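Work the whole structure out from these sequences, hints included.
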Amino acid sequence: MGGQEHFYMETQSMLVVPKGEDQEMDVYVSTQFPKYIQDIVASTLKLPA
Amino acid sequence: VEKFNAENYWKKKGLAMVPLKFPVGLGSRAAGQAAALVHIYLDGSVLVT
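Chains as they are written, first to last, in UniProt numbering: chain A, 745 to 793; chain B, 993 to 1041.
Don't read these hints as lab results, they were simulated from the structure. Treat the hints with caution; some may be incorrect.
Derived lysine to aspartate or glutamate pairs resembling EDC-like cross-links, with alpha carbons at most 20 Å apart [said to hold, decoys possible]:
1. B:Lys1005 x B:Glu994
2. A:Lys790 x A:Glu765
3. A:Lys779 x B:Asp1035
4. A:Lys790 x A:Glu754
5. A:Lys790 x B:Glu994
6. A:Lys790 x A:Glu768
Right under this line is the structure:
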């Protein structure tokens, strides 16, 4: 049995905006799991959640 | 200061002390209500507003 592409009509899309204070980050992303985006972004930036 | 004013005609010193009772209150209970929102994230960090 072969695989399958999701073929969501909207491709992967995101906008990452730094606030300019206290290394705050706002992440606008087409995702199913905002908590996970928060974890991996904070970890990559060495920041608290 | 009284000694200085007895010895100077075109220059005068002055001195005064006033007391303070500033009461604090808004006139109604509803006018003093307040609210907050606190999150604890799974890394232990906290967001308060």
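Against the structure, the hints:
Pair hint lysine 1005 of chain B plus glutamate 994 of chain B holds up; C-alpha atoms about 8 Å apart against a cutoff of 20 Å. The hinted pair formed by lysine 790 of chain A and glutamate 765 of chain A meets the criterion: a straight-line CA distance of about 15 Å does not exceed 20 Å. Simply put, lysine 779 of chain A and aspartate 1035 of chain B have alpha-carbon atoms about 11 Å apart, close enough for the 20 Å limit, and the pair holds. In summary, the hint linking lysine 790 of chain A to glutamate 754 of chain A is not supported, as the alpha carbons are separated by about 30 Å, beyond the 20 Å threshold.
A distance of roughly 67 Å separates the Cα atoms of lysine 790 of chain A and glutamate 994 of chain B; the hinted pair therefore is violated under the 20 Å criterion. Proposed proximity of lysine 790 of chain A and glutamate 768 of chain A is supported: the alpha carbons are some 12 Å apart, at most 20 Å.
Hints 4 and 5, counting from the list given before, are not met by this structure.
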